[PDB]
Amino acid sequence: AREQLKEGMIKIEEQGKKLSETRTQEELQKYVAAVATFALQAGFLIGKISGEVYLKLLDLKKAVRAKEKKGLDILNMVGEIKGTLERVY
Amino acid sequence: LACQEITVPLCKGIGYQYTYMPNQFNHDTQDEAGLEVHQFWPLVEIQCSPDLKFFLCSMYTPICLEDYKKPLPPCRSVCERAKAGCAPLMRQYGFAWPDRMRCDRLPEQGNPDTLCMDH
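The listed protein sequences correspond, in order, to chains B and Z.
Each residue of the first sequence is one higher than the one before, counting from 1 in the numbering used here.
Each residue of the second sequence is one higher than the one before, counting from 1001 in the numbering used here.
Just so you know, the hints here were simulated from the structure itself, not pulled from any lab data.
Even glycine gets a Cβ: it sits at the ideal position worked out from N, Cα and C.
Check each hint, because a few of them may be wrong.
What the hints assert, rightly or not - Facing chain B, according to a computed beta carbon distance under 10 Å, are these residues of chain Z, among others:
1. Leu1035
2. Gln1039
3. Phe1040
4. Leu1043
5. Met1090
6. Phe1095
All chains should be modelled from the sequences, with the hints used to inform the complete structure.
Quick look at the structure:
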């Protein structure tokens, strides 16, 4: 019976791993590059529009970094849950 | 040299937080320098060169240090690497390497007489 817990424990640890999915940084770099490519073909190098787009991209980057920060707090929480759950066994 | 915190969004978090004005281009405020350097944002975000953002900012927002009261330009190698990466892409979109960004004007790395920033 106590050895069932350990089997359940790893399933919690396995599911806890999936919970902090993150992986946004790789996709974000492709998106910003796609906008930069469009910006280049549009001839941004009109001037006022180009400045606003870049300002939006930096806020989007902040949003992505913000989303990544909460994902780390999730990972901190899944660790603390594993800690107290281990205390009984 | 009067140091002022860098407010240009493109030049934040580049390795130093303080700059002085006017820059080599005779811009009197960061708002004036910011408006020009921000036009280069597609080349920075496309990442043609890892060294482009530092090189551009090191001129439009030159580094200011409380102990070293002297302009500290980027090493020529920084300029050359940024040109190697981004000049072909610029050329593909009809833009030549800007005359103000000529690398020959910058001091070479490792010279005992003049110091420069290289990373």
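Structure-based check of all given hints:
1. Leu1035: Holds - the Cβ of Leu1035 (chain Z) comes within 10 Å of chain B, reaching about 8 Å at its closest.
2. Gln1039: holds, 6 Å
3. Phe1040: For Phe1040 (chain Z), the interface hint holds, since the closest Cβ of chain B sits about 8 Å away, which is under 10 Å.
4. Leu1043: Cβ of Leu1043 (chain Z) sits 8 Å from chain B, so the hint holds.
5. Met1090: holds, 8 Å
6. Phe1095: holds, 6 Å
In this structure, none of the earlier numbered hints is contradicted; all agree with it.
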